[PDB]
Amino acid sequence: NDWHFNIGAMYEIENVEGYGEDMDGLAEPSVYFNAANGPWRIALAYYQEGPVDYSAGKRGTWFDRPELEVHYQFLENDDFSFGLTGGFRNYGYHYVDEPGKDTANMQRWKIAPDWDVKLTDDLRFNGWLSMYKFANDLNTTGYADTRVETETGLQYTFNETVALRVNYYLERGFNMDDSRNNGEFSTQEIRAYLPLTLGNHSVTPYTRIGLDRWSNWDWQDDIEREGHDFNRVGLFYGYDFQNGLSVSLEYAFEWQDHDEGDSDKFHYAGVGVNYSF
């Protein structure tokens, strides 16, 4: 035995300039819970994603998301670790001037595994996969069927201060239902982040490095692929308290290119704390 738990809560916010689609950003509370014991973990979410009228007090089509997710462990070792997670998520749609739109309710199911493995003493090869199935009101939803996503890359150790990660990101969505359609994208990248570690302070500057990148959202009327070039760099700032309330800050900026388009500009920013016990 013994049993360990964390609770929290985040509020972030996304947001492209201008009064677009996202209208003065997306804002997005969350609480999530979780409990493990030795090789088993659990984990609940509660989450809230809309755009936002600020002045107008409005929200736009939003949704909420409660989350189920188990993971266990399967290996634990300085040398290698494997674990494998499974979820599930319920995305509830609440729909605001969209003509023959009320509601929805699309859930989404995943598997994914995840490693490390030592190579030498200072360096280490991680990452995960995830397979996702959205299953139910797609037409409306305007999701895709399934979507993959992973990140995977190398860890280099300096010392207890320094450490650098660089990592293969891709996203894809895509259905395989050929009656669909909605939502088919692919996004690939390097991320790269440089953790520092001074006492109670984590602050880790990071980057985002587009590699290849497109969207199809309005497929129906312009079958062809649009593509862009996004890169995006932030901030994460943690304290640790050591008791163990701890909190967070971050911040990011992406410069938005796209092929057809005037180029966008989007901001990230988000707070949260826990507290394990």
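For clarity, a rigid core is taken as the largest C-alpha set superposing within 1.5 Å between two forms. Residue numbers count along the first chain shown, from 1. First, how it differs from the form deposited in another entry.
- Relative to the superposed rigid core, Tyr46 undergoes a CA displacement smaller than 2 Å between the two forms.
- Core-aligned CA deviation for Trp219 between the two forms: 2 Å or greater.
- Taking 2 Å as the criterion, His228 counts as shifted between the two forms: its C-alpha moves by at least this amount when the rigid core is aligned.
Mind pulling up the form deposited in another entry next to the form deposited in one PDB entry we just looked at?
No partner chains or extra molecules come along with it, only the chain itself.
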């Protein structure tokens, strides 16, 4: 048909309390492009994660992450939309003072059906399920070869200005390859959002309530990545000029109730820009 394209840049931040120092902030630059015809979406992304910049470069384990995906929109229509994504991703780890470690490259393969089913003129049952295989350098990297993920639930529309999404979120890492044991975990949350849609402004308060969560790792005392889920309240802002230029702001406070002397607390901040054409 016609072709559509986007390009954008997002910069995110993730902190931990207190003052302190617990050590001491992540930074997540990233850029994307997508296109754009028909039931076909082509996407590529570049992401990178590491400690808060200050680079001599005396950094700390960081990692970069090319991404490519293609999405096929089988059926779209007000009754029952259905869709699919295959994805490939590469984690390019660079360890900095982790004895026994220099560098890793683990791949992730992704198969994610998605859906939007009408229930009434005010209720929808939308969602995505996502199946992954992770490939090389697992021992080094700690991932677990297989992982399921899904966020699905109900949307109710008060009117063109206010909506309510309440979802079940589930994330299981497990190993298909007995015997490997590394990165096994399970997360369950309820997620609730109230997308406010005020002309060009867009605000969404939201929250994640953990149902049950267990891991194999970050407690006493392992380093941090995927995944990695916390109770949070957050708010997302978004503005569309109709240029084709949008920007966004998001902030979220996350906690973990504990039995130590008190409890671990996190901050997320996140600005984006997107341009359509």
